[PDB]
Every structure is written in structure tokens, then in C-alpha cells.
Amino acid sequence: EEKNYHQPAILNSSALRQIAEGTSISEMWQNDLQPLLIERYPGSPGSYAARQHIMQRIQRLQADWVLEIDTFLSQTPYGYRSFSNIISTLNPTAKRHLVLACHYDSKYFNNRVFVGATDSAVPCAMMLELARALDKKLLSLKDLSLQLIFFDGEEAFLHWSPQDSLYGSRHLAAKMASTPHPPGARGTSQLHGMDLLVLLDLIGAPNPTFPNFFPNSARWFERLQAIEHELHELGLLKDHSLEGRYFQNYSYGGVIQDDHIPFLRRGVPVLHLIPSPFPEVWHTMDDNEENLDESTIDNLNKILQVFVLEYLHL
């Protein structure tokens, strides 16, 4: 309905510089990102500490985020285990929400530990830094708002299959599909109030190239392209080339499995910020803090924060 005709309020140069300046890559690194770089596969003590970190960093902000933990047991190749997706919503009774999402588990695995630095500590920390950098503007919103989702159990425990993967997202898309929205309404569920799902995944590697995956989000991907482009021209990006842009005029010809899968196949539009090709380090012990690129991530935070403000008209 409205989602289909919704237009961004495009911000001027002055307002661009403000967004570029009001985000801190170093704050994100030390306060949002470093505490997540721990083994945190589903049900582990590392999972719990990560969950606690996420909630804590969320609670500390004046915007009136409403947190909710969707916990549940699912059969795994290692028997029943516990999962906990984390939902942070502003204005939970607002009809429409822009949704941001990462998976916050790490994949269960040299006498080294897998910490999924791109996969996906960085996407989560970016979500966190967005919530902090925009706090004051998000505070004003207190019938479209913002939701953050951190999915648990994205990864296969053993071998990626329909039943061994995406435990978090598949359980939550279904919860949301059978839950009336707004509360005490008839016919319409919580998925239906999902304007757009923007899934960040595998972000942090140098020189990422993000395809335009879905016609029904193509105009939103376009907005990312114009945004990168304008932040670039204003000298607000770092180590940034037009020839090496993140957001390319490229469509993708395969199907990627990820947390958007159970929302997409129920008709939620998806803007899938996963690069192709996948980072050199993907599903290797090398996916660590060392192999991450500061300026890339700093840059994408600014593209992303602008995208978000424009969508919310903020």
C-alpha cells in the first residue's frame, strides 16, 4: 500500500555534513563493536553476553526504544537449544516500520576462535552506532517509525539446510505473520507493517560491491547510490573512489539465503546489504578485527544514517 508510494525527504548539503560529522567510527569500534567480537553462537554464554551488550547499549539512549526478546527452543543437529532474537522498536503501535537487521550469532565451528567480524558483528555495531548518532533526531518521533532486529541463529550449526539455518528469522517472521498489528486490528499482521527490511550482512571488508538484488527495492537501492554519490562529492567520505563505489549499477543473478528469506517469501520488501562477492575472509578464522577496514565502515555508516533519516523524513 503506502510502502509502495513512500518517498524519502531528501536532505540538503548542510544537513549531509551534519550527519557525516555526528557519527564516530572510533566510538563504534570501542563501545559498540569490540564487545561483540566474542564467540557467540546460539545458546552459548557468549551469546548471552552479546545479547546483554546489545540491550545495554540500546537502553542507554534517550530515544524511547522498546526492547523485546523473542526466546524459543528449536531442534538442532545438537538437540534442542535456545535462541533469542532481539527487537528494539520505537513507537511499537505505529502502523509502519522501517526495519534494520543483522544476525548477532557467530557460526559454531585452528586452535583459534571464529568471531564473525563482518558476519556480523560489524552490521550489528553499525545498527548500534546509527541508533546513537541519530538519538536526538530519533527522540523527536515520540505513523512510520524505526525497528532494529538482531536475529539469533542465522547460521547452520552443521551444514546449511532449510532446517539447519535461519532459526531466529524463520521463527520471528512467523511470529510476526500471526500477530495482529496494530494491536486490536483485524486482517493485518506485524509483517504487514514492515515498510522495508534492510538486512546488513558481511559488512567490514575493504572494497565491498553490493548488487541491486530486488526490483521491488530497486528505487531504495537507487537512493543508496545517490547518497554515496553526494556524500562523496561533498568530501564527506574517506578513501573513496567513484570507480570503486559500493553501490553499483549491477543486478544479481542468483538467490542468496539469509535472514530476509522468511520475510521476503511472505511479501515483505527487502533491501539486502550483502556484498557479492562475499569477503575473502568469509567463514574463516580470519574474519576478525584485523581484516576489517575502518574507512569503509565509517563510510557506510554515513550512507546508511542518511538513508534512514531520509526515509523517516528526519
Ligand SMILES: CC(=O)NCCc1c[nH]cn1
The other form holds:
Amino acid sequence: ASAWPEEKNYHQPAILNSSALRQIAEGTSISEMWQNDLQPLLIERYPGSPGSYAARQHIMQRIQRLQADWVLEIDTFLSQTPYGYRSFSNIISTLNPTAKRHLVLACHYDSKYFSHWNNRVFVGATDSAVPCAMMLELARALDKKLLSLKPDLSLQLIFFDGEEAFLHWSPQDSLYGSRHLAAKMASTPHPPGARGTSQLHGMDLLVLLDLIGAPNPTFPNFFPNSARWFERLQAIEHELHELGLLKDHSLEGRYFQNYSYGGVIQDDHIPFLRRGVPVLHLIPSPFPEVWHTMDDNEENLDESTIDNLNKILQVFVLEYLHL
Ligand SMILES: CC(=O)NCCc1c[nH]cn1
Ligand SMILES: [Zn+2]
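Output block for the form solved in complex with the ligand, input the form solved without the ligand:
Time for the whole complex; same chain goes first.
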């Protein structure tokens, strides 16, 4: 009876030296992400809308053009909603599908439904078009390194549909995509042919990005079972800062501070966390001031903060994967 599902508990990062950190900082482009990955998503894209389809096509096309061996799957399903039965489509992009373990980065790609108000449309810039674009830019910036994966551990990206409630949040009206996919993964043997382990046992850590893009975010260290990885984010931020590789950044105003948050925040990680998956929840507290407002738009995004977080996240992923 293999103990491979316990490997995540002992897994250590292979830390990047200064020259490597400079390389990663120089290898990501916030302007290229802005134009090529973010702007196409700054559209109305609630579940079932034409924008949802356009966003899904955009995400798939951007991953498909990369050199690394990404396997794309669209997870389409039905769920009851306040408006009756509807269809949803999660997007899953995986390197090395049969590898037993994967580090998983995720966000939601739907935008919350609002009827147009005074010619304004809700595009959820921080919620979560930026997180989507950050995952796409990470796949692009790290493409050559990721191509080398073509330690039975690889990378998976999940873009969840239906994170938002169609009305105001309620237990049944929210997290459509993640509740569905967590249950599906929990009931899927992994690796292929396994007798008693599932795709959830294979999830080393779920890094969920949400509500990113506003100025001065502060991310709490939510869970004891992922605290050591939160500490790695702190260390990476600190070293990138000291090497002069972050923009308009101070340690007093750092993003990963020493502070927990005992409360519960409902988000896409919940169906995974309640099935035992370790989660690093990259959601700020407090939420952006523009949260669930028509002002959650492009103009209110903080470019340098997103650039800095892209560098931090890319170093984190390379260190985790030993790349
Ligand atoms: C308020 C709460 O507990 N969860 C909502 C988090 C959220 C809203 N939009 C994106 N993420
Ligand atoms: Zn939201």
C-alpha cells in the first residue's frame, strides 16, 4: 500500500539563487500580459453568456499556443440555479496527466451577473480577470522551463466557472464549478488504474488566486497545513524586494504579512478543503474597495502590484517544481 499521497507533506522547495531570481523577474512582462491575456477577459462573462464562451476560447487559445505539453479539458455539467437548470464549463489545463502529483493553481473565470446599470457592465477586473491573466502569463513566462517536464510531480491550472452566486451568496447558489469538480476529482481514481487513491489525493496543494489587482493587498496565512508555503511566499517577496526586483514596493507595505485569519471565507477552495486538500488561499483581506461594484474595472487595477505578484508566484511555482 504505497505512501505516495504523503509525499506532499515532506516536499521541500529547490530555492532559486540571486541570478535565477533576476532571470525570473526579467522574464515576465506585465505589459504583454495586460494586452494579450488580460484585456480580452475584461468583458461580461457570467455563466452561459456569450462572454463566457469567448473567455473560455481565449484561455484555451492562449494555453494552446505554448510549447509545453498542456492537455486541455473542458468539464461541462448541469446544475440547478435560482434561474433553473443551467450549464457550466470548468477549464482544466494539465502538464503530465498521469503524473501522480500536481501543484494546482486556480481561479474563477466567470464574472458575477448584473443587469446593465446606466450603460455600465460588470467585468470583475480583480474578480477574477487579473488572476486568470496571471495564470496565463505564468504559463507563458515559464514555458521553456515547463517544456522540460515533458519527483512524479507536475503542474495543473484550473479556471472555475460559476464561482459567483446568480443572486446574493447562499450555500446552494455559489461555487457551481468547484463543487462539481471537487466531487468529480474525489471520485476519479488516480493515477489511472489505482485501487484506492483519487485525483484529490494527487493534489499536492491548491493555490487559489482571487480578488487580486487592487493597491496594497494583504494576504492572511489562513491554514496551518499550508503555513510553511505561505512562509515561502514571504521569503520570496522579501528576497525579490532586497534584490531590487519589485516595483513601488516596501517591506512595511508587503503583501504577505504575519497574521492569520480565523474566520472562513467562502470561495472555490472550500469543496477541496473539506475533502482534505491543502490550500494556500491567495485572497486579500480586506477585499478590494471596488468589490462587487462597477468600479472593479481596468482603471482601478494597480499594475506594479500585479507585476510584483507575478514575479513572486512564478518563483514559488519554479521552486515547488524544482525547475
Ligand atoms: C464573502 C465570502 O465569504 N466569499 C466571497 C468571496 C468572493 C466573491 N467574489 C470572489 N470571491
Ligand atoms: Zn466576486
